[PDB]
Amino acid sequence: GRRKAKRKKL
Amino acid sequence: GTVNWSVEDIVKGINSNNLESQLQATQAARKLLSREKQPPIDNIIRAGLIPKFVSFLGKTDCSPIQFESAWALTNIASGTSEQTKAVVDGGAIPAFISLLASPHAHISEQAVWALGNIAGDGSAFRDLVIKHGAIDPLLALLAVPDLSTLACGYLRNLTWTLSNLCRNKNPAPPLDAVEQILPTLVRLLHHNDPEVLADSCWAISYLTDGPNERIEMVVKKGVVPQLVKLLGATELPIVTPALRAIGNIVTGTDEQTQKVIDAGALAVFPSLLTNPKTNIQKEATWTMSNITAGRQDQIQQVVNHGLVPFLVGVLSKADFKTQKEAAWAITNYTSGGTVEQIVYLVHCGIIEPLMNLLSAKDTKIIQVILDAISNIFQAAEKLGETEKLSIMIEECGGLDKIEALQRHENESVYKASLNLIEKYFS
Numbered sequence: 376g377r378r379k391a392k393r394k395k396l
Numbered sequence: 072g073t074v075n076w077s078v079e080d081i082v083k084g085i086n087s088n089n090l091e092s093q094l095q096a097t098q099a100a101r102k103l104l105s106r107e108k109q110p111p112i113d114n115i116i117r118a119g120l121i122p123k124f125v126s127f128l129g130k131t132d133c134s135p136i137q138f139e140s141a142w143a144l145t146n147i148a149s150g151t152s153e154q155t156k157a158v159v160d161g162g163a164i165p166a167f168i169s170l171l172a173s174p175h176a177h178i179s180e181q182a183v184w185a186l187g188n189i190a191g192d193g194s195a196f197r198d199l200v201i202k203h204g205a206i207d208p209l210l211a212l213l214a215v216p217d218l219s220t221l222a223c224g225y226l227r228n229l230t231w232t233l234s235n236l237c238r239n240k241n242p243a244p245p246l247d248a249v250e251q252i253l254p255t256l257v258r259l260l261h262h263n264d265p266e267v268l269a270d271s272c273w274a275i276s277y278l279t280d281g282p283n284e285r286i287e288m289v290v291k292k293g294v295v296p297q298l299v300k301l302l303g304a305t306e307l308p309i310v311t312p313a314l315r316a317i318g319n320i321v322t323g324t325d326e327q328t329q330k331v332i333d334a335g336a337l338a339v340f341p342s343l344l345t346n347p348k349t350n351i352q353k354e355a356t357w358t359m360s361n362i363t364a365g366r367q368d369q370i371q372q373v374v375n376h377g378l379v380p381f382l383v384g385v386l387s388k389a390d391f392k393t394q395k396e397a398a399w400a401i402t403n404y405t406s407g408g409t410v411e412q413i414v415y416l417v418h419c420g421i422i423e424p425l426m427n428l429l430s431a432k433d434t435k436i437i438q439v440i441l442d443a444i445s446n447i448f449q450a451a452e453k454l455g456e457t458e459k460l461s462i463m464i465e466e467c468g469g470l471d472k473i474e475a476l477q478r479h480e481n482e483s484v485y486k487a488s489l490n491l492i493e494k495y496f497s
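Here the protein sequences come in this chain order: C and E.
Letter by letter, the first sequence follows residues 376 to 379, 391 to 396 of the authors' numbering.
The authors' numbering numbers the first residue of the second sequence as 72 and each following residue consecutively.
These aren't lab readings, by the way, just hints derived from the structure by calculation.
There could be a bad hint or two in this list.
[To be verified] These stretches of chain E come out as covered by chain C in the derived footprint (C-beta under 8 Å, 3 or more residues):
1) 135-147
2) 182-188
3) 229-240
4) 371-379
[Said to hold, decoys possible] Label-pair distances were calculated between CB atoms; the ranges are:
5) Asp217(E) to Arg378(C): 37 to 43 Å
6) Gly376(C) to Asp113(E): 45 to 51 Å
7) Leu307(E) to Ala391(C): 18 to 24 Å
8) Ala176(E) to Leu396(C): 18 to 24 Å
9) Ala391(C) to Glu480(E): 39 to 45 Å
10) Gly376(C) to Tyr225(E): 18 to 24 Å
[Unchecked claim] Straight-line Cα separation of at most 20 Å, PhoX-like style, residue types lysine-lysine; simulated pairs:
11) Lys156(E) to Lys395(C)
12) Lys453(E) to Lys388(E)
13) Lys486(E) to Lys432(E)
14) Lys156(E) to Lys394(C)
Where a beta carbon is used, it is the ideal one built from N, C-alpha and C, also for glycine.
Please model the entire structure based on the sequences and the hints provided.
Written out as structure tokens, the structure reads:
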């Protein structure tokens, strides 16, 4: 069986 | 001189009936929010300046204040979930989507950045931005004959925003949105910029993380060969998301795993399973575990590429999580492979590290190793070679470990150790 952001402008 | 303004001064300038004073105060708030040592985002929010910035976003006859308010709202929405929510509550999503079509490139780039932050907050804001209709202008910004004519930072920000639009699960991105974004993603997956490639691979990995229907949606575009090519790259920020996407794909149907194998992914794993980066080794071993959980011809292709010695080496000396993934790989191998393949796995020296790992405190890896040992014992019984493999286990000290596991806490562990002792050691 097989198993299973924000940027600031400076 | 809009440097080191006070929040009171910014409010006094924005509240004035002077457009130039408003622009000066907005640039001051931008420079204040662009600082690294704790920008007073909450102080700006409490002052009630977000609606003023959203209204400044619409002043088409004053593009400088548009750019300044867009930068300020971008840096505010880049913070916590509450701050991004405060940005969204001011009505900034449709304003930024309108600014997406601005004739000034920097204002459009700032709108792209802000929408990317808002969508990267989570699934709800991502679906809200999609509902507001950002995908159409975002993709129209990239409808060019050659992507090399666009600015580097512009293309990078667009790719990152598109990747954030494909990010997050529960709920997953809408099917129509994914189908709309996918061709542009495939086109970006062939650009020469390393950051664009890394973000496109991250987006593909986001899209392949879920049910097999999404994996098939990604695979039908034929990106697996390019994914393997980028897996063979030298930049780690490119290899990591490519490896994640390859694993997510091999978590699906055996046909998708075979599509991955046909692209030549197994040839890269000799270096992936010995990568100095711990996370790369762990993810490569997890991918190998899911490949060993496939058909017998796929296991034979793993064997043909000489990856069984690499799995043995990872089992012998690696990180504990990498060793757990390796144990899962060996268990899937022994449970799905033929008796000759299990014999070859034994000939490669799997019993000694399999035994040495039985001294771990993690129960799950113990059950996995016990299941693997059981499968090898069934193979030896089918070959009538139970005595020789029992002698092998006893010589390296594994018999003592199984006898000590006979008196273990977990039910499965002690029942297994007792089964194995009474069946093959009597």
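Quick rundown of the hints versus the structure:
Taking a C-beta to C-beta cut-off of 8 Å, the region 135-147 of chain E contributes 3 residues in contact with chain C, enough for the three needed, and the coverage statement holds. With 3 residues having a Cβ less than 8 Å from any Cβ of chain C, the region 182-188 of chain E passes the three-residue criterion, so the hint holds. A count of 3 residues in the region 229-240 of chain E with a Cβ less than 8 Å from any Cβ of chain C is obtained; the coverage claim is therefore met, three being the minimum. Judged by the Cβ-Cβ criterion of 8 Å, the region 371-379 of chain E is not covered by chain C as claimed, because only 0 of its residues qualify and three are needed.
For the pair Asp217(E) and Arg378(C), the supplied restraint of 37 to 43 Å holds, since their beta-carbon distance comes to about 41 Å. Between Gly376(C) and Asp113(E) the beta carbon distance is about 48 Å. The supplied range of 45 to 51 Å therefore holds. Our hint of 18 to 24 Å for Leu307(E) and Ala391(C) holds, since their Cβ atoms are close to 19 Å apart. Between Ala176(E) and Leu396(C) the Cβ separation comes to about 19 Å, which falls inside the hinted range of 18 to 24 Å.
For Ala391(C) paired with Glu480(E), a C-beta distance near 40 Å keeps the hint of 39 to 45 Å intact. Between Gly376(C) and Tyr225(E) the Cβ separation comes to about 45 Å, which falls outside the hinted range of 18 to 24 Å. At roughly 19 Å between alpha-carbon atoms, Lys156(E) and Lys395(C) fall within 20 Å of each other, so this suggested pair holds. Distance hint between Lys453(E) and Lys388(E) is unfulfilled; the C-alpha atoms sit about 31 Å from each other, more than 20 Å.
Of the pairs offered as hints, the one joining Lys486(E) and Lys432(E) holds, with about 17 Å between alpha carbons and a cut-off of 20 Å not exceeded. As the CA atoms of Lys156(E) and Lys394(C) are separated by approximately 16 Å, the hinted pair is consistent with the 20 Å bound.
Going down the numbered hints, you'll see the structure goes against 4, 10 and 12, while the others check out.
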